[PDB]
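Below sits a lone chain in structure tokens, taken as the form deposited in one PDB entry.
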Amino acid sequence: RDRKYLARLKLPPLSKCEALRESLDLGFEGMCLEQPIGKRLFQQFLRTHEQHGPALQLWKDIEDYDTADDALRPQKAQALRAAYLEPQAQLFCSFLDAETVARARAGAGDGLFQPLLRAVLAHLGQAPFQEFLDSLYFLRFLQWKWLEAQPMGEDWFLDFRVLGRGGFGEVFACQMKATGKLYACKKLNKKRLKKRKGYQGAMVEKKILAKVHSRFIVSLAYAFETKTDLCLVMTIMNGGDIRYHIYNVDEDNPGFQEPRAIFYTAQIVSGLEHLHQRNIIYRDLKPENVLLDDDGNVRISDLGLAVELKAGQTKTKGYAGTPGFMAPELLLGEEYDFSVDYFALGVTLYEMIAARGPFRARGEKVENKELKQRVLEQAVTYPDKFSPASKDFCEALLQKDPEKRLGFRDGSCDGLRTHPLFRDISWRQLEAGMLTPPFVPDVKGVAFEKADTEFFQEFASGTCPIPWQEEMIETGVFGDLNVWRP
């Protein structure tokens, strides 16, 4: 971990933060719930003001309950009602209207104290937040926000191994010099990008990865440019992709035992739900695009083919994707939904179990025209490796007509999580990354004009707030720079 760079992270004089005190969203949930550092500084304020003690403690306890092993839930719920909900107890929460306290008292299932937590946060967003804004803790948040906006480009990162190769350049495992955090840096050589008309794709990816924060999508931390390249510094995923893992590990016995395959399906499904909730269509889901991190958790990646539906827009058109994964509606030149992605999910689960595609034989290579016809009118065949459940799930995803295809209804995939295939999957624990993964790894003549440079600048948009604050915190740097009296 480089000391010269560590030393460039130093909180500024308050006078330097006056400007970005206007260019900043004051919004409560925006800054105190979503930004890791704001949340940390706002909980600190709370901890040092008696009045708010109970609310802070309840809040903290709820998140503790939401992350507890199922075994400990009953008692944590017990102590929680005892500690904040009996009008006796010291930490009773008088700001909770009795109707809310009643419900919280009578415990349902998963989502038990969710409506409690919403009431607590609704409370904190009023005076407590308004007080925070009038406290030193808020001024500290502005200092941090200032350091976050400072330039941290190429000289800040040390490449030290190739993770893979891609259309426009290599992908390196690299270190952020100050903090020593490990990332993946994806390079896109500038000249090739122009030569091959790939600006739209490159940008769609950067914007998606920046504005999306899921443990199942790879996450963008930084975006800058060099003499030669555009760069995307993002979550490092060191455990190879699903497709590698299907064919290349167990060579003579290709495939996944159902449970493992289901685990991934479940994680991937969570990846889609997030994209679709933000009106994004992936358009490119497949084994080769799904990566494993060191622990054996999985994230979707590679998003050059994605599209963002403009607000109010529900359907779109356009040929795009990988042959053998594009769904019927797309091929028929029709306008399509998120449904497209679910068809791809199905092809994917299928491949994970059968170590082969549904639409061709091993080595069988056909013309596009023919592959198209198979996808459109060929009924899929399910060998014995499949279990009733698997088979049925794949049938529901691979439904030729999107109107009849298992997918995304009512702003979620809840309908889908229901399926008998996910019988042994605790969605709570999965969504929170707290389940044990079933498997743990071990050119000539281009001239740059005005429009080219503009594009580059718009691409190199600098640091991504949430992931940077995460890094500062995980890496210890926040604790160190934040001390008041040593």
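Between two forms, the rigid core is defined as the largest C-alpha subset superposing within 1.5 Å. Positions refer to the first chain, counted from 1. Compared with the form deposited in another entry:
- Of the residues checked (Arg374, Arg81, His123, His274), the rigid-core alignment between these two forms shows a Cα shift of at least 2 Å for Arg374 alone.
- After superposition on the rigid core, the Cα atom of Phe132 is displaced by less than 2 Å between these two forms.
- Once the rigid core is overlaid between these two forms, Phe359 counts among the residues whose Cα shifts by 2 Å or more.
- When the rigid core is held fixed, the Cα atom of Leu331 travels 2 angstroms or more between these two forms.
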The other form holds:
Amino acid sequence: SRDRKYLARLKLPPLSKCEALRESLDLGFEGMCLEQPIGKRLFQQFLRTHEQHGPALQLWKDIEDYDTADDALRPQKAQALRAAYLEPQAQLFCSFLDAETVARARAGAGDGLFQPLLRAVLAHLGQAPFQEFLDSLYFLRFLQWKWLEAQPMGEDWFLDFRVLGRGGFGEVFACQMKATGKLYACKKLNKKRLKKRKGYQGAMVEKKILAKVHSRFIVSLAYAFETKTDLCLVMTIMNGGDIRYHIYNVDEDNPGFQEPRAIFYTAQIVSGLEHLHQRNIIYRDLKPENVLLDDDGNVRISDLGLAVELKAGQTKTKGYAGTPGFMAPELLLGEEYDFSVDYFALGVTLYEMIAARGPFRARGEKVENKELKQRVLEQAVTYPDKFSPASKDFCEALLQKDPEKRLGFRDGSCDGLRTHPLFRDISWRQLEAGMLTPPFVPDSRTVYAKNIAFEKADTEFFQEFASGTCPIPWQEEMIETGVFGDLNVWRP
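With the form deposited in one PDB entry done, generate the form deposited in another entry in the same format.
Coming up is the bare chain, nothing alongside it.
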């Protein structure tokens, strides 16, 4: 799948070419060695080759391993961890730690056992070991990768191979990054039609939100660029398409998802919504057609074209935006609103997943926006026997017409909502890491995709929009596809 010609442009530069990055990059520990996948990998390689750091690195790795392990393996793991690093006879005893820290980590039993230990380990690693890393070859090799990350990688680097859909949103293609073979979805916005529909500012707002979030539960933006005709956003491809299709069109006679599958998607959508709300962004368009499914069985939220970022000291907004059937009463009435709107839409979405109809409209019923609006404002929802008591109760809590009484985001988090009995069987710590096996695994639908004067103000906007490569996704791609391993070899 890799193409030779583009793979050959991924060459590490001479060191002298990296002297300007060295001045201008943020070189803090958390930002470089914890948050950037290449930074982390290179930091850990430095630790592994410096025997004095062996215990700190192996303890670091063993805590991450513990944090994502199946419930049945945690006793034996927390025993092996303690014996290797914490007990007085431990072969890899971590003597940079406080006696208190070692004490507490040897006691304790519940969730987040070792989270305090981990903070201590990362705190230690950010002092002398990090300073030694900055004076090593490994740090320079990080600057070389960062120089590469910053090079031009525009339309030429992507091969379009299938049309996924066209409409007012632009056109979306399945495409392949030529050097690595990685598959992506590319959304293309026609520059002329965009100017004439005065959509510059909306498009920019969407791109910005996508660039600044980084969640496994939200489609990722990996590249933003321009062509002569289009502005282009290269993002995670979700091979299953939208979940609405799956609710109705897979078992046509008996549509709807089984509860475990519905619950698992809800949990992933809640994780996505929390990520946005913690960054002061309101999504405003949650519905089944904008929740996408991949062929591992996981979902992400997509279509961030109606989303708003709240400004400094802003807790509410106004503005009529959404999809009829999913907009909360407070929005339909023209009031100010906050993150609450997305929780009502969540309620509606879960209802549909289980019932294969919405709470206000029978399957296939045709309702004009006025008749729908008055149903959302006045109609009490009923629940068929198809709903368990926990799914009914969760749904009632989200469908509260008064946002003051609705379940949602409280005290900076969704942790309140995570405690509802609906989610009693979800291991959030494995969900967060992508390590919880989905209750259902679908087939890919990529084969159902069919084959393939501006002013200076227009120019400057396009070029600002075309900000290029996003660091974190690019580092992921390089590691995942094996390119990092191949180009980072010291002696074959």
